[PDB]
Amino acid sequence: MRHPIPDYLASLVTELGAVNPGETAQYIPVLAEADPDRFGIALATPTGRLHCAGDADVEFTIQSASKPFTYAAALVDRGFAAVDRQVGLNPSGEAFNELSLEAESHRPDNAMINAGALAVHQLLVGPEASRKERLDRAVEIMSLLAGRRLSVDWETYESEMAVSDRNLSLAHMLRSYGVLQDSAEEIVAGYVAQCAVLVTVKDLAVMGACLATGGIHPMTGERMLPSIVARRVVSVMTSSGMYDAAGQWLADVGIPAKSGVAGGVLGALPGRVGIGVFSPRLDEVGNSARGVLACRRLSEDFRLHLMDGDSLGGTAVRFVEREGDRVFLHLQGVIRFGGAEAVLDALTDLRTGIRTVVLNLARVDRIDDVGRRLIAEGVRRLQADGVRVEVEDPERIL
């Protein structure tokens, strides 16, 4: 049979694509004259599947959707303390208010607004890095997560640099407050090239899935980012991604996201899927009209909402077998707190206060520090009850 999801997506493309409201970004010709009759969607699963429909392979500048990735890179290269001194965590609109820098913090509100993205770019490789190093670091982080060397679209870069007064204003104000060290023109040039990196709806979905898994690339299984960093990026995408309309967006859609003025929308739902949507025309507030619409649909039709709990739980225990004098305990899935707690419940549910317990981890896909420590503790306690515990773990995961 054929997989039904890509067909569901194809339907959305036809339904939502029946109309094309809004306008393309007018501030530059390349974006203004862009062909508006394009619309693609792509969903990437944590296990490596990729479902799409429409123009999911058409390249377009990523723009503001580049902010979470450069932020992740900055956190990795400088540490939380160094980045947090220059970039806050308070959600806010794009409209700039100097009073935000006058606060004892002396830092732009968050990493999703232009002022915050400039401060982030300045932090990219280190205090002594060159303009070139920081820019390639932006491209590298975005390429590593997409799974392919990405390129900058210089035509857009140049068109944008010709009308970059607002960003130069933000960078100059930041320098006066000490948030930037290098020149305003330098940091703005890096941020604008960064926004000119070309990507497809599919790149965004893959990229979003890396974030959704805690930093594990779905296609290779390799760890691209420490999980505490992905956790932070997705948190800020949630509280600030859709600006001051983040409250209504969190309630109505529940999918951490960020949109770009070229029509792209990035989505990352932790543990479930990465989303990528493309559609040039923007609504009254600058987000892709249909891109935003498509997200609300995926959320409603499939219940892909942050507040919709989906967890392993007690299924972490494949089955308990009381053969005779010994108990066989088979585990499975991605064991984190939820599963571990359930496995601990199973052990406690045995009267050992049975002469041998065997822990089978063959069906387990992985386990985090929380799960290892918790299960390791349950073993110590079992043994202390004078019970023999043998952990049959093929691929040493414990």
Contents of the next structure:
There are 2 protein chains.
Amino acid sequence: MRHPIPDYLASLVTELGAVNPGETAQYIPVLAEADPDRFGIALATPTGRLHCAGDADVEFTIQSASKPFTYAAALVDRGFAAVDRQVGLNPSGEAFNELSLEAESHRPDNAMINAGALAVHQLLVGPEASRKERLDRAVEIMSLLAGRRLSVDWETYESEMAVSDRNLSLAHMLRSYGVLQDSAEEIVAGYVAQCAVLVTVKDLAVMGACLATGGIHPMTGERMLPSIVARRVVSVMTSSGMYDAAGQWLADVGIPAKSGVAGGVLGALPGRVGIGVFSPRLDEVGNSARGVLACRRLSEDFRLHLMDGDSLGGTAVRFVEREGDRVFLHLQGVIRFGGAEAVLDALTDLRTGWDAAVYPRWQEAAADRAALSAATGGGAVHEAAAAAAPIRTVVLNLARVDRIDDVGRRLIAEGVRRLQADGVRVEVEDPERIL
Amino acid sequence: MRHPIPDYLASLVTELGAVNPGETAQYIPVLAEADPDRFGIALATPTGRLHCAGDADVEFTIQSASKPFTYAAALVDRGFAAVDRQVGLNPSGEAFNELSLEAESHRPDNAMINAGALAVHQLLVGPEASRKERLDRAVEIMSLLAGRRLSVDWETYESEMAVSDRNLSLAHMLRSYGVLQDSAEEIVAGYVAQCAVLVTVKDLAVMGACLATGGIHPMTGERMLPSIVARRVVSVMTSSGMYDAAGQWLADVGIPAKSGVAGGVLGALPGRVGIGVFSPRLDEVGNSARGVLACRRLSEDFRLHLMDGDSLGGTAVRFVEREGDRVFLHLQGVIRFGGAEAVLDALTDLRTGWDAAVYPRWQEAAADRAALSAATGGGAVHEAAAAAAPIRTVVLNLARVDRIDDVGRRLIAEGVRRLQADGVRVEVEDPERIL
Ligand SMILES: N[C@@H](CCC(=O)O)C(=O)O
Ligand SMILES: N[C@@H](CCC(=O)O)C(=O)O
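Previous: the form solved without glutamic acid (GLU); requested now: the form solved in complex with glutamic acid (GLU):
Up next: the whole complex, starting with the chain shown before.
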């Protein structure tokens, strides 16, 4: 059959395309004369699927939506310590205040606002890196997530470099407080090229997806970024991506996202989906009108909110079989704290916090563990307590476990270490050595 | 064996308990003379497990950590429209500015700051509700999540009511802009009692857990709040819970949390865990010092970050068996967009977005779907494409699916509707009618 998601994408494009409020970025000639009658949208899933509709294969400059990529690239090249000394974590409106830099800190508020982006571009490769290297580190980091070699639209670069007075101002002010080493024109030029990189609504959906999964590319399964770096970038996208309207956006939508004045919008909901939207005309605060609306919809119709839980839970426990003398534990999925934590409940729930008198209700509910389990979501863990409803051997089957982060390994290891201590054998049937 | 989490909780209490910086709330006599040598912590899981350490069963006033409960209660009693007209969604520092209310809006910035809390207390039952009802609606909503009838510590209430000049000021100012109907003293009194409700570090962990799961109580599986309301409350806790330091907190920790000046801290990470911490002494901005640190740790050691993905993904597909003429699909877990979306991939992947030439790398990776699957986390969906590696009947087994939200139902329904349209039989073996 044909997948229903792309069909949904097409319906949304037609419904919201009935109109076209706002206007194109007027502070640059190349973006003013752009056709406002375009509008695409893509959804890239963690697994590797890509759904689309409308003008999702038309190119446009990534502008600001490029900020989380260079922040991520710079974090890897210099590490947290070095980047944090120049870029803060406080949300702010693009309107620049010098008091930002007078603080004991001496650093722009965050990496989503121009001042913060200029500081990040300056940190790109190292202290002795040339102008030319930083700009390739930019195009490179981005290109590695989009999946292909990207290019800079010099026509836009030149158009913007001719009227880049504001940014030069932020760059100078920054040098004044020692946040920038090199020259103002040098970092501005590199920053203005970085924003001139061309992407399609689809690339953004795939790039957003890399950040969504913790640094894993959904089209190859190859780690592009460390989970810890990808985490922070999505953290700052959420808290400062929509500027002073971030509180209202985190509640109204739930999708960490940065918008570009060329019309593009990037979205990345941790562990669920990379998003890309494209619609030239900008609203009253500078974002992509139809683009920002597209996200509202997706978020309401699919409950794609950051606060809408979607864990594995006890579902990490495929099943618990007490054949007779030995008990078999088969794990499944991607095991992190959530899953490993449930495993530890299973293991403990084999015979190897509240006063029942005070909570008659909780004891009753507990009496029926199968019922209380489905109402809550702990897969087949209740099958452990049921196996013990002597055990001399426990088998940990890991054939169905896609992967397990460090925290899971340690937690399940410790779990194993504590069983043997009980005079219980423990065989870990783990084929593709993952443990 | 003994579960390793509580042991970890005890280690953390001893390690971080080596010290005790800051001091108790000095603007109230009853909280100034409180013993600073106490410190507990609890973790309530979605499934129904409760882990503890230290003074987790000692009572203390919930103060501000009560704000998300009354905001949630008021949202249910009056609905979004009515509450949003009085309470905004913008983050802010407790330092009050009158320009907040001059805006076209005429409403405090958010429901986590005193002004915003006073406005929420005023909306508690209805326009014709008495002073006495609102205060019970407060204690009630909270008590229903903690799992037991709670009480107001009048000793603290009286102590604070004697020096409640600041709050009265916020209350008056609000009446001035028409955000409060009743009297200033009336709402202040009710608000000061609401903060005098006594909880233990454990109750907070269970209460945080209700919000964490989308409104489902982890100790009974009974829905206490609508998923949509629980969502917003966690959204505003995240964006404004830590005030002007929320950007740095969302990155440094990732756990939506509100602190109380009595020493308690509430945490609620969507779909993973309810948290409770208790440590009388407050730091330089008013939060619980050791309490705020406890959260930092938990978040770093267990990767309990809001941005650290933890989905079900393709793991919703237990397996795909092509016995021969018919194909069997067994689903599992709690199915939302994430899971339902994978099902639709399975169904479509039975023979009933990118240019391969451009992405040689992606085609290679795709060639080995089993490998690309484990690197990414899509359970056993690749088993569908493998079944078709004619099909006249497809069986949807739902015995292992704990539950499925509205979005899942519609998505899997549509999926079903599109298969039959292909001249394919479709039997949904779903025992406890969930579909
Ligand atoms: N590329 C623009 C930024 C566009 C935006 O703010 O989205 C600039 O450097 O000024
Ligand atoms: N109960 C205190 C608030 C404490 C806090 O801000 O955490 C008050 O009403 O002023």
